[PDB]
Amino acid sequence: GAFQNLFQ
Amino acid sequence: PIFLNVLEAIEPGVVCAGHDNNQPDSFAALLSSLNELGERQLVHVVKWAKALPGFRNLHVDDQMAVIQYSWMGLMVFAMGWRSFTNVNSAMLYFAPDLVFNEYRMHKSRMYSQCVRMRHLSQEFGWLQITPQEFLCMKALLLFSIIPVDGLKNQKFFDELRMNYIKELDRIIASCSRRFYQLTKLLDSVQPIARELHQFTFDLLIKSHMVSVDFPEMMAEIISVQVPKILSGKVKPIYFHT
Ligand SMILES: C[C@]12CCC(=O)C[C@@H]1CC[C@@H]1[C@@H]2CC[C@]2(C)[C@@H](O)CC[C@@H]12
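Taken in sequence, the protein lines are chains B and A. Just so we're aligned, residue 1 is where the first sequence starts under the entry's author numbering, counting upward by one. Under the entry's author numbering, read the second sequence as residues 671 to 843, 851 to 918, first letter to last.
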């Protein structure tokens, strides 16, 4: 996950 | 007022798109710049959301999901406000280096959606929306779109959403006409967001054909989350029916 990388 | 203090303190700053305003307005260049702006803004929305009161009450999977469903409405609402404050709703102020006149509205192939966003922006003037009302409403938009089958820990979300609504009613305080109008304005974001969702999804599907660039996180979100909304598995929470 691209956005999950960013979320954490 | 601890609540307003935190809202005011966490409110993001100015985000620029990096658009080249010396080249001719083309569809490909404008939309590629809007996508890059969406990406840059998403970083800011994540940091903002996670700093909101209560937000960590949510299960971490719900925190991500609520961001991934609500970003379009949140961004569009913020852009409407900037447009109102900066240029009196005459143009769409996506960013300092990306302001849409009618010509760019037309060239973007999103003219009808841009017009709707412009109407939204005039609403902030016509209703005399205060900066604090704006801030409370924007925070509520984060908790206005969820899976029809609920969230992982849905009870904490319902309690959060209840509290944000209370805070708005509170900053409001025939005074009930006010809450009617603010709630109607919040609802009016959702159809605009839905048409943008359909537009950006179709644009992603045809992105190689039309030479529009999607950044990584935008492409993932629009291919994995946005279809859950367009297919009806995830749906806005309207005040009015
Ligand atoms: C959220 C953004 C970008 C941030 C903002 O100020 C609002 C604006 C609304 C239209 C969106 C855009 C990001 C990129 C999208 C989704 C394009 O692909 C098509 C419509 C654009």
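Quick caveat, the hints were computed from the structure, so don't treat them as lab data. The C-beta atom is built at its ideal place from N, Cα and C for all residues, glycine as well. Please note: incorrect hints may appear among the correct ones.
Claimed, not checked - Okay, the calculated beta carbon distance ranges per label pair:
| hint | chain 1 | residue 1 | chain 2 | residue 2 | range |
| --- | --- | --- | --- | --- | --- |
| 1 | B | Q4 | A | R710 | 17 to 27 Å |
| 2 | A | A843 | B | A2 | 35 to 45 Å |
| 3 | B | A2 | A | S696 | 22 to 32 Å |
Range hint 17 to 27 Å: satisfied by the CB atoms of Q4(B) and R710(A)?
holds, 18 Å
Is 35 to 45 Å right for how far apart the beta carbons of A843(A) and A2(B) are?
holds, 43 Å
Indicate whether the distance between the beta carbons of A2(B) and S696(A) respects the range 22 to 32 Å.
holds, 27 Å
Consistency with the previously given hints is maintained throughout, with no hint failing.
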